[PDB]
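A lone chain, given as structure tokens: the form deposited without ligand NAD.
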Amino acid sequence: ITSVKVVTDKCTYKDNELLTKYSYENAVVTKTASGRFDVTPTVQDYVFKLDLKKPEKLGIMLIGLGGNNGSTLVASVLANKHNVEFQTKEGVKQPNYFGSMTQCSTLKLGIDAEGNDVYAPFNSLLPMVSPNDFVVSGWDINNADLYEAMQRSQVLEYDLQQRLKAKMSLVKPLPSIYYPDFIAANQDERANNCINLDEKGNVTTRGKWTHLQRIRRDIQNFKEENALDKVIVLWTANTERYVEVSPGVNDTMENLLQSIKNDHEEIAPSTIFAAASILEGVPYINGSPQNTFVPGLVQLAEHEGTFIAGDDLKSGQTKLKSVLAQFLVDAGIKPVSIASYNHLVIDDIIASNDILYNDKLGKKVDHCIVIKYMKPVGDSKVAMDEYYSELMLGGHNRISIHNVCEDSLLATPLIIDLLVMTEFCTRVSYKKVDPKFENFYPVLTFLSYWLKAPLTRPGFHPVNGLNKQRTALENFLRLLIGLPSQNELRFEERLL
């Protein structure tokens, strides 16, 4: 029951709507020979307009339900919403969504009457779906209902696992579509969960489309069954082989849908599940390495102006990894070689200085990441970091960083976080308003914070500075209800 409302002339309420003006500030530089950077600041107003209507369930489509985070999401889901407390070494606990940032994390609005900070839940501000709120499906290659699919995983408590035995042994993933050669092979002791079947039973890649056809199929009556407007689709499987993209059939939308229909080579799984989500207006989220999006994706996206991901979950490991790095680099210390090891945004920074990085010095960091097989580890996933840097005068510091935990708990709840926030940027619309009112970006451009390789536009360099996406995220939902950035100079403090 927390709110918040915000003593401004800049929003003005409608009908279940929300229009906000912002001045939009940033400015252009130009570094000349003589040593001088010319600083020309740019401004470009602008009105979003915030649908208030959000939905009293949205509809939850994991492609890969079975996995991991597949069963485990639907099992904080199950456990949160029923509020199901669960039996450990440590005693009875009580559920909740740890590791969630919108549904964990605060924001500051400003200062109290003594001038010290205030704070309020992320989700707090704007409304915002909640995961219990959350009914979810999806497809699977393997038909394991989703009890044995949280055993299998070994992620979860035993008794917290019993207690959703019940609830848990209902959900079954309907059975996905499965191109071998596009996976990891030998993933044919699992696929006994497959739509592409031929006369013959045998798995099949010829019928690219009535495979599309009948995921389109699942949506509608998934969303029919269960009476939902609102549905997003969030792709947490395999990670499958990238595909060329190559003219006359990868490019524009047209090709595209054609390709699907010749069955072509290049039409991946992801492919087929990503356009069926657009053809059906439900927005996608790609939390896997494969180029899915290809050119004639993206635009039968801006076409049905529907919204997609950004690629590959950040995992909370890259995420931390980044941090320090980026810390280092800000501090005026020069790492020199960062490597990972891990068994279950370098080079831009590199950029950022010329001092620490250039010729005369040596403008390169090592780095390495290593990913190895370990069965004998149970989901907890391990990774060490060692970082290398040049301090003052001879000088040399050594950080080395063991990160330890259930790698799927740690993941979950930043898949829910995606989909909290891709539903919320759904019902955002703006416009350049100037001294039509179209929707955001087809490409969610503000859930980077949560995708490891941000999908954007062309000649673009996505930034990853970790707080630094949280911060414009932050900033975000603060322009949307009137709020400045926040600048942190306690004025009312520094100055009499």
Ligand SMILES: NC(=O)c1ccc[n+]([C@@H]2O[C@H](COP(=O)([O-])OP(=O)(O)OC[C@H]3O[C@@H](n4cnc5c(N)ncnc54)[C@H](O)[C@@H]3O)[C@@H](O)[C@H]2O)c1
Given for the second form:
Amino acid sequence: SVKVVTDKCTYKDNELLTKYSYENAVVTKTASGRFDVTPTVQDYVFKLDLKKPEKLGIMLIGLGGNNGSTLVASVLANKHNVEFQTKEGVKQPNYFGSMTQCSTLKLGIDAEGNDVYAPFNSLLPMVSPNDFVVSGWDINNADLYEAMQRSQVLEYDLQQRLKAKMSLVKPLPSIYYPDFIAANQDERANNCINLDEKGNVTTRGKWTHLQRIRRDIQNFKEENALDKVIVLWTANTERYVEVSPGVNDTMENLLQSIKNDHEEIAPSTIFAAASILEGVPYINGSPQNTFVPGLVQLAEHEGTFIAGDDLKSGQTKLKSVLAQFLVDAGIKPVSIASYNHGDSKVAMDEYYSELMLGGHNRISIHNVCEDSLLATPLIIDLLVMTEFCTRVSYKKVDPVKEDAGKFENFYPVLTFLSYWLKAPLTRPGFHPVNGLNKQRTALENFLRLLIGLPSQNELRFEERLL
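I have the form deposited without ligand NAD already, so could you send the form deposited with ligand NAD bound?
No partners, no molecules, just the chain.
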């Protein structure tokens, strides 16, 4: 734990109230060249619900896949201390690869002026992956032990020690329309709600599917005595949907198209619409425009969290880091080749860059690891961060009128999660932000701010000029 001697924070009824001065700057560029930078300010009073649910309910769509199954296993492994045998000895479970669970943040310096970091989840209170209550859907009924089997991600022994328990977790029938599977459809569709009472699939009753899914969420909520719940798409990858004026452009139409069983309405569209109606945060972990404007509207209306559009591969991450550092130092990357072979894949991206005076630079990144062992911890983080956000709200403080604010909620598309997605969906007029490093500080500073610490600046003036 950490606590800061500051006057900008007061603990109410198990609620942190923080005043933050939001400095920024507007700049215009003159039809000549010159940039005119007009600074900016806007104080805020942030309210952090200080009580983390004791048990967070999670509902994975594609719960039978490599990521879903290893997610459940990672929770069971850590919660129950189930150590497993390995070719390299006996090993304790952990959560390596997770930012919430294993990375740290700088708090400040010490007597001698040397940096001092603390667990990324030590500052403010966050829910533990170990307190996750998972279940979900999957268009295939294998159970999670059998799921762990076909994925071949975990160690034989480990898989064995979780068998008894994971043979018990059974995914619910999901909704499966055939024309939308654009890929990542490893298993057969033998567990579906959507069956014309004869036995077939069919794309009819799309609204009834939505209701079924909504009811699903409600029942799951009670069977576990859970208040907060969070759904997340980790299934196959579908075909993008053609947003057309009248079907999925505005709220009114989206819902409407569903009842009509419009064809542009896809499985994820429903799970998303359902999640939203139940006011439960929905995360799109796969590439695809499930979040058409129409659905987005709905979210804005219900005032319920959404995020997503691809889990950030540990390769598409490392590609960002590398390419940025490059431009940041003045090199002009002029070419970018590729590789890529779930579990145990090989990635290789090569950069042919320009140096000064006709020179060139050839950089090659070779990457091998089991995908899911990276995608899973990253899923843990998303869930853990959209949980914390859901408990934060802010207030716009007017400098010449004490206490002029009615506490509001994070604009719906939590862009704060971007660090973990490839295509950061975004508010209507903004250009998305990538660049792992920037995306992380944003999060680090947000957390600094809530406990009253300033934006990290690294100027370290207590040495650069004594």
